[PDB]
Amino acid sequence: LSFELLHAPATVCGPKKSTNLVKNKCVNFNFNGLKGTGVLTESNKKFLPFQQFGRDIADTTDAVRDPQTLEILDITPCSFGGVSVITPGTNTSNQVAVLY
Amino acid sequence: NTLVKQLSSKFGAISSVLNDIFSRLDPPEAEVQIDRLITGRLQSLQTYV
Amino acid sequence: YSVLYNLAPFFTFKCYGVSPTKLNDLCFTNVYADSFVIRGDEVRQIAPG
Ligand SMILES: *[C@@H]1O[C@H](CO)[C@@H](O)[C@H](O)[C@H]1NC(C)=O
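Keeping their order, the protein sequence lines are chains A, B and C.
Each residue of the first sequence is one higher than the one before, counting from 513 in UniProt numbering.
Each residue of the second sequence is one higher than the one before, counting from 960 in UniProt numbering.
Each residue of the third sequence is one higher than the one before, counting from 365 in UniProt numbering.
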């Protein structure tokens, strides 16, 4: 048995049921064998009918096509950042401030 | 830019995507594949520093 | 692929690139089946390298 894995619709796989499509929130997604995490939004890209998914300058998947409806979805990571704690000495006080 | 572009190198593994390796193959070989990728990326970070 | 252990006790079942163990979650473009008959001593010849 030889399996073909390309940038194709890939319409041969096991009996996994699909769920509804929810947008504008960080969720776990499995778009036709492609797993990931993030928020999916409506995309304004000019995809061509033979194209399936997009890519960015950082060479990662940032756009997908719904295998049920001809809709392009942009994938972005959910919110992220760094946290800094501002304190005087513990010999002085136990109060702190937080910088996001 | 070089640091960002160094993320598409397979470093001798089957793929550069962690999810594909974890979903397409068993843990016994996933260990070595992810080890190769992690070592490559750590080397890139150390070189940048 | 769940219903595949329902024949005579298989003497060779070797899978390269995908773990057979409950991994029917992968979606492929097309599948090719190549069937033939050989002798037992030649079975080891059907492998990469
Ligand atoms: C079935 O898939 C086709 C693929 O294009 C789509 O057009 C159609 O709307 C789908 N049907 C349902 C009920 O989702």
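Any given hint could turn out to be false.
Below, simulated DMTMM-like cross-link-like pairs (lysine to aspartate or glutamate); rule was C-alpha separation at most 20 Å, straight line [unchecked claim]:
id, chain 1, residue 1, chain 2, residue 2
1, A, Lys558, A, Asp568
2, C, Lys386, B, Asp994
3, C, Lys386, A, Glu516
4, B, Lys969, A, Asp571
5, A, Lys557, A, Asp586
6, A, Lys537, A, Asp571
Between beta-carbon pairs, the in silico distance windows are [as the list claims (entries may be wrong)]:
id, chain 1, residue 1, chain 2, residue 2, range
7, A, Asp568, C, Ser399, 24 to 32 Å
8, B, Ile973, A, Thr531, 26 to 34 Å
9, A, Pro579, B, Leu977, 21 to 29 Å
10, C, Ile402, A, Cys525, 27 to 35 Å
11, A, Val610, C, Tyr380, 29 to 37 Å
12, A, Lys535, B, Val963, 21 to 29 Å
13, A, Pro527, C, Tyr380, 35 to 43 Å
14, A, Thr604, B, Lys964, 46 to 54 Å
15, A, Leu533, C, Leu371, 38 to 46 Å
16, C, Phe377, B, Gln1005, 15 to 23 Å
Derived by calculation from the structure, the hints in this document are not laboratory data.
No residue lacks a Cβ here, since even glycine has one placed at the ideal position from N, Cα and C.
We went through each hint and held it up to the structure:
Between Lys558/A and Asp568/A the CA atoms are separated by roughly 14 Å; this keeps the pair inside 20 Å, and the hint holds. Simply put, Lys386/C and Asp994/B have alpha-carbon atoms about 24 Å apart, too far for the 20 Å limit, and the pair is violated. With a C-alpha separation of about 19 Å, the suggested pair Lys386/C and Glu516/A falls inside the 20 Å cut-off, and the hint holds. For the suggested pair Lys969/B and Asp571/A, the alpha carbons sit about 13 Å apart, so the restraint of at most 20 Å is met.
In summary, the hint linking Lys557/A to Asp586/A is supported, as the alpha carbons are separated by about 9 Å, within the 20 Å threshold. Of the supplied pair hints, the one linking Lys537/A and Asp571/A is violated, its CA atoms being roughly 23 Å apart against a limit of 20 Å. About 43 Å separates the C-beta atoms of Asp568/A and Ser399/C, a value inconsistent with the hinted range of 24 to 32 Å. Taking 26 to 34 Å as the suggested C-beta distance range, the pair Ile973/B and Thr531/A conforms, at roughly 29 Å.
Under the hint 21 to 29 Å, the C-beta atoms of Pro579/A and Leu977/B, about 23 Å apart, fit the expected range. For the hinted restraint 27 to 35 Å between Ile402/C and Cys525/A, the CB-CB distance of approximately 30 Å keeps it satisfied. Look at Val610/A against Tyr380/C: about 52 Å separates their beta carbons, and that is not inside 29 to 37 Å. Distance hint for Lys535/A and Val963/B: a CB-CB separation of about 28 Å, consistent with the stated range 21 to 29 Å.
At about 24 Å, the beta-carbon gap between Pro527/A and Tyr380/C misses the expected band of 35 to 43 Å. Between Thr604/A and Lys964/B the Cβ separation comes to about 47 Å, which falls inside the hinted range of 46 to 54 Å. Distance hint check for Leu533/A and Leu371/C: the Cβ-Cβ separation is about 41 Å, which falls inside the suggested range of 38 to 46 Å. In this structure, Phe377/C and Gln1005/B break the distance hint of 15 to 23 Å, their C-beta atoms being roughly 43 Å apart.
The structure fails hints 2, 6, 7, 11, 13 and 16 (numbered hints given earlier, in ascending order).
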